[PDB]
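S.K.: All chains, full assembly: derive it from the sequences and hints.
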Amino acid sequence: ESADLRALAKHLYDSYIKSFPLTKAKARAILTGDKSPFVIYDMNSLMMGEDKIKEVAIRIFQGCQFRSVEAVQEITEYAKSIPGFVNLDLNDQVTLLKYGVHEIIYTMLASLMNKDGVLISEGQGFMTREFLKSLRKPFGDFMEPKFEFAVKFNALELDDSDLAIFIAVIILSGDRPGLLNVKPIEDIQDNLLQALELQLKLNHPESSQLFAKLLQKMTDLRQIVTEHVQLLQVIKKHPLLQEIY
Amino acid sequence: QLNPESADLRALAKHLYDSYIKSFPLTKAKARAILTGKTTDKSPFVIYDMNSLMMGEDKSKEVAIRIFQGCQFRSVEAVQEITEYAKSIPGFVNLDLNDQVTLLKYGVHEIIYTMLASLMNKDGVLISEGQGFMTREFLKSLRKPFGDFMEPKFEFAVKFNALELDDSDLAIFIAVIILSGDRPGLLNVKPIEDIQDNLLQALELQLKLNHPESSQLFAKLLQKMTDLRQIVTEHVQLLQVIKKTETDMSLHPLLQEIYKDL
Ligand SMILES: O=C1NC(=O)[C@H](Cc2ccc3cc(OCc4ccccc4F)ccc3c2)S1
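Taken in order, these protein sequences are the chains called B and A.
Those letters in the first sequence? Residues 207 to 239, 243 to 262, 275 to 458, 466 to 473, by the authors' numbering.
Those letters in the second sequence? Residues 203 to 261, 274 to 476, by the authors' numbering.
The set of hints was computed from the structure by calculation and includes no laboratory data.
We put the CB at the ideal spot given by N, CA and C, even for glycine.
Do not rely on the hints blindly, as some may be mistaken.
[Stated by the list, open to error] Taking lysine-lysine and the DSBU-like style, the derived pairs with C-alpha atoms no more than 30 Å apart in a straight line are: (1) A:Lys422 to B:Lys373; (2) B:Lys358 to A:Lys458; (3) B:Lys358 to A:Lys224; (4) B:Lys336 to A:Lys224; (5) A:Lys224 to A:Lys422; (6) B:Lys438 to A:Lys230; (7) B:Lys373 to A:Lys457; (8) A:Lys434 to B:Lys301; (9) A:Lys319 to B:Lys367; (10) A:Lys373 to B:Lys438; (11) A:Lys422 to B:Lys216; (12) B:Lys373 to A:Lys434.
[As the list claims (entries may be wrong)] Some chain B residues well away from chain A (every beta-carbon gap over 12 Å; in silico): (13) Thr238; (14) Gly239; (15) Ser254; (16) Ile279; (17) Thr316.
[To be verified] Ranges between beta-carbon positions, derived for each pair: (18) B:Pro405 to A:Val290: 38 to 46 Å; (19) B:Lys458 to A:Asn402: 38 to 46 Å; (20) B:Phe287 to A:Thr447: 28 to 36 Å; (21) B:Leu469 to A:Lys457: 15 to 23 Å; (22) B:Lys458 to A:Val248: 21 to 29 Å.
M.R.: If you want it as structure tokens, here you go:
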């Protein structure tokens with residue numbers, strides 16, 4: 207049984223590294239300790258950051286949207302490496318990605334976060350939590366919930382090898398609305414779940430029930446996504469540019 | 203065979219099942235016996251329309279409000295039963311009293327909807343200790359803003375019920391729900407996490423022993439916690455609406471305190 211499961215873990219890790227330029231390993235090393246990021250903590254510091262790397278709040282949001290569009294393509298490439306995924310119904314592949322990317326983006330953003338701020342543009346920059354919190358409403362409440370989640374998620378001390386499998390688990394979620402053929406999606410998720418469980422037992426033998434703790438984080442994660450979507454609708458209150473986004 | 207660690211986990215499972223049976227008068231076992239017709243003596247009266255609802259009160275508001283307040287009062291009762299169960303969970307009553315309150319505050323509705331699934335099939339739900347069965351379509355026919363409030367619970371139940379869990383499983387799962395270290399405003403997280411660790415280990419073993427052919431049932435069960443949270447959040451949203459449109463509908467203060475700043 208375990209031959210396939212070790213193959214799956216390694217394959218997903220290799221694909222994860224190929225698809226995502228800034229890994230957690232590289233992010234934690236930047237956030238702790243040889244070249245340091247430019248820190249954006251202030252309106253004046255943001256201004257210099259742009260010369261180095275409408276109004277301030279809007280342009281940060283637009284910056285976030287640009288990155289998110291990039292991440293959607295990274296995630297999609299990654300998904301296509303997950304054994305079985307490309308053999309699913311094409312509408313189902315689109316549905317899984319459509320409803321999965323937000324969950325994945327905030328999961329992976331935790332890798333770039335500590336309790337005080339978030340790495341930006343390939344780790345070249347670091348924007349503080351308090352500066353993001355200071356932005357005028359409704360932009361000030363945009364990132365805070367993601368920081369609160371990240372603190373709780375990061376306490377699990379997952380590495381890139383664990384996260385590669387967890388992200389795959391998220392993508393293969395059989396409860397997405399409008400799926401045509403749930404069976405093979407659940408069947409693949411079952412195999413990914415088995416692989417994640419073994420990976421956490423081998424990689425973190427002294428962390429009791431880490432597998433269970435990790436799956437429980439989906440509860441807060443989906444809640445975060447639902448609140449975020451609602452805030453995106455509130456924010457909706466060059467034509468080609470709006471099309472891209 | 204077994205070892206001392208898994209032996210302790212078995213005793214914990216047995217203790218929790220025992221307390222569950224003592225705390226909850228209507229078990230899944232009894233609910234399924236009523237629903238599936240293991241019955242000449244246990245058959246429910248079925249409410250599927252106004253007249254059958256009238257006739258059923260032989261075995274003082276308008277109908278939608280009366281039904282909605284029925285759910286409220288039943289919820290109030292459930293909170294009592296769940297609080298009694300919680301006290302049996304080893305370590306729970308030794309926690310900081312404020313954390314006891316917080317865990318119940320955030321846990322009780324998730325437990326209520328979990329256990330409500332036991333009383334449900336795709337066509338309706340048992341009421342009045344199993345003596346009645348109200349149809350899903352009758353519930354969906356109630357006037358705005360009440361016609362939609364049970365649908366999310368039925369959709370969840372049908373998916374939840376496909377896991378085919380029994381009371382012995384549920385007993386440990388609901389303990390896991392209560393002992394969550396990620397509830398907002400908890401003072402001392404570590405003691406709570408340590409208890410949950412133990413409960414998770416016990417649930418995992420229980421599911422392995424009770425459902426040996428059911429692959430990754432533990433994981434799939436844990437994944438359903440996200441569904442529960444979504445039911446709670448959506449219901450709160452619906453209550454806000456109901457309250458504004460029906461300025462004459464009351465909300466029991468126990469429930470109102472549970473929902474306050476949730
Ligand atoms: O605003 C609220 N806050 C809460 O805590 C409550 C949550 C809630 C909702 C529905 C329920 C249905 C139940 O059985 C079925 C049932 C019972 C009587 C009448 C009709 C029924 F269909 C049992 C408990 C229930 C609890 S209502």
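S.K.: Does each hint fit the structure? Answer for all of them.
M.R.: Right, here's what the structure says about each hint:
{"no.": "1", "hint": "A:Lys422 to B:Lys373", "in the structure": "holds, 29 Å"}
{"no.": "2", "hint": "B:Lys358 to A:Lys458", "in the structure": "holds, 26 Å"}
{"no.": "3", "hint": "B:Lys358 to A:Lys224", "in the structure": "violated, 51 Å"}
{"no.": "4", "hint": "B:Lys336 to A:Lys224", "in the structure": "violated, 44 Å"}
{"no.": "5", "hint": "A:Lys224 to A:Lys422", "in the structure": "holds, 25 Å"}
{"no.": "6", "hint": "B:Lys438 to A:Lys230", "in the structure": "holds, 28 Å"}
{"no.": "7", "hint": "B:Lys373 to A:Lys457", "in the structure": "violated, 34 Å"}
{"no.": "8", "hint": "A:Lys434 to B:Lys301", "in the structure": "holds, 24 Å"}
{"no.": "9", "hint": "A:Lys319 to B:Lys367", "in the structure": "holds, 24 Å"}
{"no.": "10", "hint": "A:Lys373 to B:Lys438", "in the structure": "holds, 20 Å"}
{"no.": "11", "hint": "A:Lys422 to B:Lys216", "in the structure": "holds, 27 Å"}
{"no.": "12", "hint": "B:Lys373 to A:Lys434", "in the structure": "holds, 22 Å"}
{"no.": "13", "hint": "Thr238", "in the structure": "holds, 24 Å"}
{"no.": "14", "hint": "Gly239", "in the structure": "holds, 28 Å"}
{"no.": "15", "hint": "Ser254", "in the structure": "holds, 32 Å"}
{"no.": "16", "hint": "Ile279", "in the structure": "holds, 29 Å"}
{"no.": "17", "hint": "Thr316", "in the structure": "holds, 17 Å"}
{"no.": "18", "hint": "B:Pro405 to A:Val290: 38 to 46 Å", "in the structure": "holds, 44 Å"}
{"no.": "19", "hint": "B:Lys458 to A:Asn402: 38 to 46 Å", "in the structure": "holds, 42 Å"}
{"no.": "20", "hint": "B:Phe287 to A:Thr447: 28 to 36 Å", "in the structure": "holds, 30 Å"}
{"no.": "21", "hint": "B:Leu469 to A:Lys457: 15 to 23 Å", "in the structure": "violated, 42 Å"}
{"no.": "22", "hint": "B:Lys458 to A:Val248: 21 to 29 Å", "in the structure": "violated, 47 Å"}
The structure fails to meet hints 3, 4, 7, 21 and 22 from the earlier list, while all remaining hints are met.
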